[PDB]
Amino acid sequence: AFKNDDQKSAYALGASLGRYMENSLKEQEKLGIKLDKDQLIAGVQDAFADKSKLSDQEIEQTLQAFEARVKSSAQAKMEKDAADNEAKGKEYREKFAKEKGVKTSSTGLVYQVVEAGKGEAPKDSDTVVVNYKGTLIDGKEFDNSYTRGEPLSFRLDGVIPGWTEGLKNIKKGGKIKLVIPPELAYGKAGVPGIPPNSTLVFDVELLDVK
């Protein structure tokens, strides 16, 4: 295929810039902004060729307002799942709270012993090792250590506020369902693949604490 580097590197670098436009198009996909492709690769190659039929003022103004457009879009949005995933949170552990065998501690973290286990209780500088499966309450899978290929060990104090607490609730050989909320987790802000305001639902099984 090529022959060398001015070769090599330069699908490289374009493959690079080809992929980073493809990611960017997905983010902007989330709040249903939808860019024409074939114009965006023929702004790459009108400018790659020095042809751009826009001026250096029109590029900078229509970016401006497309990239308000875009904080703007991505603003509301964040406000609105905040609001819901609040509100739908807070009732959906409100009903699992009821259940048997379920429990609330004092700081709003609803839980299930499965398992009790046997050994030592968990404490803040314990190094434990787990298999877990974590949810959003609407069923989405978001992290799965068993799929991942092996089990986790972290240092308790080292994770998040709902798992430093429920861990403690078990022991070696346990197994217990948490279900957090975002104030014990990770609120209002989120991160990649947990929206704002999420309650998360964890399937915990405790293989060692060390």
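Positions refer to the first chain, counted from 1. What changes on going to the form deposited in another entry:
Rigid-body motion between the two forms puts a hinge in the chain; from the set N144, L31, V102, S72, that hinge position is held by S72.
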Given for the second form:
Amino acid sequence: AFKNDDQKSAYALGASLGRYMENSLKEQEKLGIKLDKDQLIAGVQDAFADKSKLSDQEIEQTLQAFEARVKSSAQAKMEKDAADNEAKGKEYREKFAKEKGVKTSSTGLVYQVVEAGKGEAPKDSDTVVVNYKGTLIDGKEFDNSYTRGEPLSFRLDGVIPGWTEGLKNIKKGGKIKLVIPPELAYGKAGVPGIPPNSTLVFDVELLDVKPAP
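Swap state to the form deposited in another entry from the form deposited in one PDB entry:
Below you will find a single chain and nothing else.
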């Protein structure tokens, strides 16, 4: 429905801008910001027609303020999600602790030894080799050793405490399920890939234990 290039290009140009906006909004939505969509289009129209209800200076100071509002809204979201994640997490940890063979350490680690292991147990300065699979309590995975095409080996005092504590509950050749509260893991802050305050679930197999070189 374009009769010429002038029309097609113009439309393509608009379309690409319309998609640009649509995608920016979705980005904003994930930070807890929902912009009035009709106003957004009304701004485009008004300005294009030289009838913006905001002055160029206003537009510019408002966008600057919006930037601040985004950083700030993200912060608030982070904290909201942090509260929800620990609420869910606490409930999950509490159900799991009621299952067979499950123990809760004074630190709050919930663990289940599945195979005792016959070697010895690692200590803080030891390098461990492990197979593992980790997920969030909704069951979605963030790490799989397995799929990575290989197991991992690392010194034990480097990793998060929930883990270092957990792997000390078994010996070489052992298997253990760890349910780690956020404070033994990535905290309320969290890290890229792990949401704020999340409880982590790991199946771990300890393949080997080596002393610090």
